[PDB]
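In structure tokens, one chain follows: the form deposited without the ligand.
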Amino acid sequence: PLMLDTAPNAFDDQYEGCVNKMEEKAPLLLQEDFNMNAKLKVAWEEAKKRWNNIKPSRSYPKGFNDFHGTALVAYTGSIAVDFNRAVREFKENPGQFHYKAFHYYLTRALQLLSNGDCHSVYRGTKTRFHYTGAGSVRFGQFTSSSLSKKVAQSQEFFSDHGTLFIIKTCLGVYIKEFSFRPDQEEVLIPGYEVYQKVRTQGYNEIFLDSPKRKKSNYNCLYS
């Protein structure tokens, strides 16, 4: 099983105070990520084509650019697994993290698209999660979820071997208009949101409540 805690070793940059500097530097950072991350480069090039098609259908927040849209599209893609891993195991060895620009653009995309809105979402997994009694929980890595418990419990994401999270989030963003699969009613949650109330029920249900934004362990690391 996997441990559920405050994600002490996860890269959790919120970029407080360095948004302007990052938008200027992230483009070169992205080329660097690409030069050492073939899978990301491929996933990005494909996400860009899809973004080009998505963009014309709606207006986006002031400042939301193609990097933001492409990063969000790519995340609902297959690159999500390796990216989440890289972020989760960051502190383990930060020297080989090749999502410097990607992480920034995805984080900023969610910040630009976020409002006050809180949601009741569900997340199903096939891997069992054990709450290690830290006192609160953060996912650390970005994590997808669905407004529909049915979607979350589908054989696509869930199994008896796994866990069903019942989450109240207030930083999560509804990104239906970015997902490769539009029936998922996906809500994307940043890894730095904290759940002050944690309750395990039975062998595979975990209720995460009292969401709150709190400072991250890392800030503007690559700025």
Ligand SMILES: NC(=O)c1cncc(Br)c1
Second form
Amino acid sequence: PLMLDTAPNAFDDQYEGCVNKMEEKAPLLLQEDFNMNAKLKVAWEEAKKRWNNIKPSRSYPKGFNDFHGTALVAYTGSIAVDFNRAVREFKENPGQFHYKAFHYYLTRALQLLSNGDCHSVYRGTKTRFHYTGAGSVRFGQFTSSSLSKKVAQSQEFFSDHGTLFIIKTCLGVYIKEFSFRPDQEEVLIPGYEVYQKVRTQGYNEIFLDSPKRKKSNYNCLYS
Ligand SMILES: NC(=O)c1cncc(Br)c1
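Now show the form deposited with the ligand bound, given that the preceding structure was the form deposited without the ligand.
Below is the whole assembly, all chains and molecules, this chain first.
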């Protein structure tokens, strides 16, 4: 069982005040991330091809480019596990975060696609989570959820040994049209969204509500 807390160790950069500076530096950093992360490089190359195929479909916000589209696609792929891990364990080993540009492009993609809408989403896990007992909570790492309770409860993500999160998010973004799995009806939640209302329901259900944006512990770290 894992604890549901404020994720004090997670890299949670919101890039406040350095968007343009990161835009300029991220291309070089992306290349550095690849040199330090061969798997990431493979995952990005795969995502780039998928993105080249899907983008002609619709339009995107002002400023949204191939880096943002490819990062989102790539997140719905195999690189997710390691990336979420690195983000989660950031404070414990800062010199091993080989996702400097990746994290930026993914964060910015979510920021660009976000409007003020809130969604009712669900997230299932194989690992049981326990609320610490006090204070608001945060996931820290980017967090996948679904509009479909059936998807979140599916054998793919959930089990009686884990937890089903029932969530009301207002920073989450519907990214179905980017995913390698459109069927999952995914809503991607930034790790910096805080839930001021936490209620445990039964042994495997946790209700998260009263979502709020909250200043991060890290800001423009690699700018
Ligand atoms: N853990 C989950 O419920 C989940 C994880 N990834 C995508 C989607 Br949709 C859901």
